Amino acid sequence: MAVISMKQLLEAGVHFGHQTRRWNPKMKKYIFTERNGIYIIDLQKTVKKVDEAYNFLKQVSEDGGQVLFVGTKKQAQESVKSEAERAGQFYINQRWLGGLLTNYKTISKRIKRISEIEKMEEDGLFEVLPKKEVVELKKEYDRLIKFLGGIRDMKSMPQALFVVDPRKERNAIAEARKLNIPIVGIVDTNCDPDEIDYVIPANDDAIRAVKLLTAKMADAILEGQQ
Amino acid sequence: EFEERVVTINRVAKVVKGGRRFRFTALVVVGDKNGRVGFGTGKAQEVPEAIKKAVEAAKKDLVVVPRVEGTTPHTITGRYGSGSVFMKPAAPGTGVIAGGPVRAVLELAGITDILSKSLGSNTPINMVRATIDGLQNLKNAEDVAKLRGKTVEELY
Amino acid sequence: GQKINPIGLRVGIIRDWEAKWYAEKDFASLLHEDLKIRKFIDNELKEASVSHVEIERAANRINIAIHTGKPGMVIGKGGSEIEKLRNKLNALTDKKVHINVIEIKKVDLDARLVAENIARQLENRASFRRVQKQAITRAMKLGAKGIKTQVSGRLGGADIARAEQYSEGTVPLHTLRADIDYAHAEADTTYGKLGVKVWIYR
RNA sequence: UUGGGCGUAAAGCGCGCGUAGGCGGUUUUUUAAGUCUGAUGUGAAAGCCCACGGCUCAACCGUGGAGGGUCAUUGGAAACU
RNA sequence: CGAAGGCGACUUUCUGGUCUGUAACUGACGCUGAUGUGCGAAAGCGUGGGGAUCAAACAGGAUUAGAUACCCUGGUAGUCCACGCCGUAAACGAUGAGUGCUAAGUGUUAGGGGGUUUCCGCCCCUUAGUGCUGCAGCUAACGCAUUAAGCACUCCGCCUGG
RNA sequence: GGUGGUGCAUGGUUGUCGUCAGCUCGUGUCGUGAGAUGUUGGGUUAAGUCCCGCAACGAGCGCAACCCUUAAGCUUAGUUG
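Residue numbers (the deposited numbering), protein chains in the order written: chain b, 1 to 226; chain e, 10 to 165; chain c, 2 to 203.
These are calculated hints, taken from the structure and not from any lab test.
There may be inaccurate statements among the hints.
[Stated by the list, open to error] Taking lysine-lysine pairs in the DSS-like style, the calculated list, with each CA pair at most 27 Å apart, reads:
1. c:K26 / c:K37
2. e:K68 / b:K109
3. b:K112 / e:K62
The task is simple: from the sequences and hints, build the whole structure.
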């Protein structure tokens, strides 16, 4: 669906950021002020432009674009992962090897690699797969399924994401921009406004931000799908 | 909508253990000749294969030229770094008016009315830069005259 | 390049032994009757380009065991060359009746005796890439075990061979029961020796 | 200028300190002197537009208009001077 | 901080000048550039010292299978300060000096506005700078950049083969 | 037929970097370019063989107790042992 509720948005931690001089003059279009350093969202396009992000995803999911709700912050390694799952996707809770999509087309293979090594550990004849094999298979499995989840079983691509600190996690976005895809995001302070078409300095502490928007966007790929 | 043309090649041979390969790193323009001349590059290897293995990389991103057809009515040029060219517009009833390496890309975008003041540096890789500088920084006429608050011809 | 000449690679699983010889008497003359006859067919089979070595002397009722499976040269038509050797190779062996031959299935896949199939790809030195050396590009990727290719046969007077490489990759690369052999032949360098060292990989 | 730059590469000063000056910030306002003269008498050849004749084609020659549409001659007046 | 070479014991000086907070005020009254300004370190440099230290030379020693040399006391001057400087250093910014910015940030010397005053400290604005990075720009890249190796208005000189 | 000479005419013959445990390679992929992956920062066995953290994933090349060998049975049995 479209909008977040306003209270746990406001008071339960979206507007908060970090200290000044970790400063974003580039996200000034959504930054209101700072409380002894700790920034504040301009608290109106955190909902109005959130509805416009919903509409951006409406005609994206009405044709089959399910957004990956990504695991970057520590509640995102579980709950934003989880609403990615509610959307009908998997999660990303492991790290890049340093340029997989800016150096794209060899360990861009990791999409098929997780589609194959996981399914081969899963399919029949797992007994036939010996224990000498199963040792390394299970030592790699904890790193494998957590590696890539956006195109795991929703094996089309998401036309957006929901990032928090693309200040670092533009390793996904900016490297995928080789692949020419737009991104929406509930960003943190002193992060990227450019690669993300819709940024709001949303502190992660408001789980209303991840439920009544990002899981609500798992719902917008149902209502904004039909 | 892009333009089809071959640009060049290059045989890379690095100081390595065994025999030095000669991968024919090639740049190609591809499309069906609209006006939006889209070139690209590629690092490819085999003598008959590296044309297509490099056009593979070329078409990954092939650039747009928003082309004021007939002719860009005013002086049309551009620049990046050490690369640049110039084009003084002349009459279209003149045949082909071009320079040395820019001759076939003059035929790519359909204007064939401006001349090619072949300026720029002497750098071959950035010869492509000097070429594409001239026609990458363009903007149409009526859209600018609209963008400037007035009509298409209130400003004329 | 300070290299010795191998023959046997990994013998004990993959490499085997086709010793079926019973000519027990006269190691000076009856042995000669089956070893010196091997000095005979180097010329006639017309660029044989053959598979491997499978010799066998059937309890001294010696029917000659060298296949060279390119047909026609050893077949004839319903027992012409074989029946002719039934009377001719009585000087080779005791009887030598109806000498045999096989069918060769991608003979460039055979690790050992492929060297003739490629010595007759560049020894001509005249259209020595397409008319003759087509088969380096035909016999490339049938998945042979020993993956190593080189050619040195009279290219400008070359006294060494050639190699091709690129770079990346990860594997547990240790394997201990493969099969491969040598190659060395009789081109004339005219000043300083090189018998062409010649293999390909399928 | 139009159609070069000067760290390395064609080239940027131990140094700074200084007069004329070049240029230093201007805000208003008057002249017509210059900032595509008005229009014409108005224009060097192998050289301002066409017509020409002869040129074995040519090789090469010349001719008229256009005399220009190019200077002079007349002008006075912005939002710089 | 100085015109630089450069500028170092401290009580003090002029605190000249930087310097930021105030700047109390007539009306272009400046950078570079004819003028002209001075010197520039030492090697060396025109007097007593000076062989006192250090110190070339010499001695005298010898590596392991090699000196008088790395080695140097006596010691040659020299070294050095109370009377004369050259116009040279990696004085390099290989990067000339005026008007102003290039997302900007950055902790900070100075001087200030301050809140809180603290217990002379925490927080905000601050600039000559101080550094750090870092936007644009920059050149081939080295790499430069709110303080250039960029950006728009000033001059200078250089050179477009060496 | 050479022994008279040339390995040097080439088969060769072959001693020989060097058991180097190493030599690697594709799918490829980044660096405008002169440059970048494997076999990893913390801890584990006979032949470049990895995990929490590193640009990797996929095969060979020299070489498994490899088939003997020492063995425990047997097996086969009295034949000659």
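Each hint, compared with the structure:
no.: 1; hint: c:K26 / c:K37; in the structure: 16 Å, holds
no.: 2; hint: e:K68 / b:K109; in the structure: 20 Å, holds
no.: 3; hint: b:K112 / e:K62; in the structure: 22 Å, holds
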